[PDB]
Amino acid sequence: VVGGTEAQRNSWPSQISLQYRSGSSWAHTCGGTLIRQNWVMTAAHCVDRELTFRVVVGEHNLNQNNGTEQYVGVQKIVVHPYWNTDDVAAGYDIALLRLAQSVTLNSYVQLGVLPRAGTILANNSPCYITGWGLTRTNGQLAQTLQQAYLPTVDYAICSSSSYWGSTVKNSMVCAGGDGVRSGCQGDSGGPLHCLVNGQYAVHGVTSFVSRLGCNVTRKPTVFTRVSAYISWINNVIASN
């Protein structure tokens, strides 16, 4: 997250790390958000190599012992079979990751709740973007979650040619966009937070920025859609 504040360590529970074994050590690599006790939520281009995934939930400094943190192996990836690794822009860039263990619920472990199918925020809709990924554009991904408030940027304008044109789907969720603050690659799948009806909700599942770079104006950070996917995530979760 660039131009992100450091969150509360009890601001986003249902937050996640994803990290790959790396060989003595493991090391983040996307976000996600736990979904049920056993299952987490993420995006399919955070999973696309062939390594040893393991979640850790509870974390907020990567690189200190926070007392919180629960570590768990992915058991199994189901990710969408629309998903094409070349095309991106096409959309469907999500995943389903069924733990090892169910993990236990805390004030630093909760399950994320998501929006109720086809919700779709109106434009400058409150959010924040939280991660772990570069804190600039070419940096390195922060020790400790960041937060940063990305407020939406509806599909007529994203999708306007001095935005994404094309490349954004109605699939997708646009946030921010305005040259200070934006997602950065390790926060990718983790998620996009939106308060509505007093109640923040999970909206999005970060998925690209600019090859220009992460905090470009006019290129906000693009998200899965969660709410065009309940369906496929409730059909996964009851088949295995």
Contents of the next structure:
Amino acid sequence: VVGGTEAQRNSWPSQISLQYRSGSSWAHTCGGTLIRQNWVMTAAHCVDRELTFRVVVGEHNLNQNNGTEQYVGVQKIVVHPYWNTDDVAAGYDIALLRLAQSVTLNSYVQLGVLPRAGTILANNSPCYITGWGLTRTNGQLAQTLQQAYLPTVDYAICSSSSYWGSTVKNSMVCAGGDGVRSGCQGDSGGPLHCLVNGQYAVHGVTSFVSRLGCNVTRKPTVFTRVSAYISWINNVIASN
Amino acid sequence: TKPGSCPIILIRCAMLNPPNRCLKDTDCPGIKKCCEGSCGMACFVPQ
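Please move on to the form solved in complex with the partner chain, as the form deposited without the partner chain is already shown.
Up next: the whole complex, starting with the chain shown before.
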């Protein structure tokens, strides 16, 4: 997250760190949202590789034991059937991971709330992106969970030619593009939290940014619109 | 290595070290172009 602030230790209890086994060590690779005690929602491009994965819940500082964390192996990986590894602009950038075990909920570990199927946010809805991503274009991963205020850019606007034109699909959500705040490498697969009628829900899955940089004026961060996959989500979980 | 050009791709997945599906144009069939995709290297039809 470029231009954010460190989040309060209990601000986003559904935020997970997806990590891969790197030699003997583990490497933070992407964000995710805890949606069930044994299920996690992420980006397809994060788990579409032959790596050994784990999830960390109640994570705050990636380099220190806070004492609030739980480590869990990944039992099942379910990638959207229409996902094309090559084409992130085609959409369907979403995957569900079945945890090896069910987590214990507490002050720091809580389920993420998804939107009612089809929910569309008006232009400029108040959202927050969270993640351990680069804090600057070509910078270093944050150590502590960061958060930045990133409001919606409705489709009509986002898909206009001064924005993302034909790149952005109606199955995606754009937020930010002020040239100051944005998601950046290592934020992928994490939530976009929006406040709608006094309630927060997870409306986005961080997907992609511009090739010219993370925070580029009129190049908002693009997320997979969760509300478009509720039935897919619903069937996977019900049957896996 | 390759007769033609790779397409410009202006979106990047917001992940570090994305998986490569080729390294050389030769890892690609026919009008084999190993190029920088939206999330790692992939095989494009040139220009």
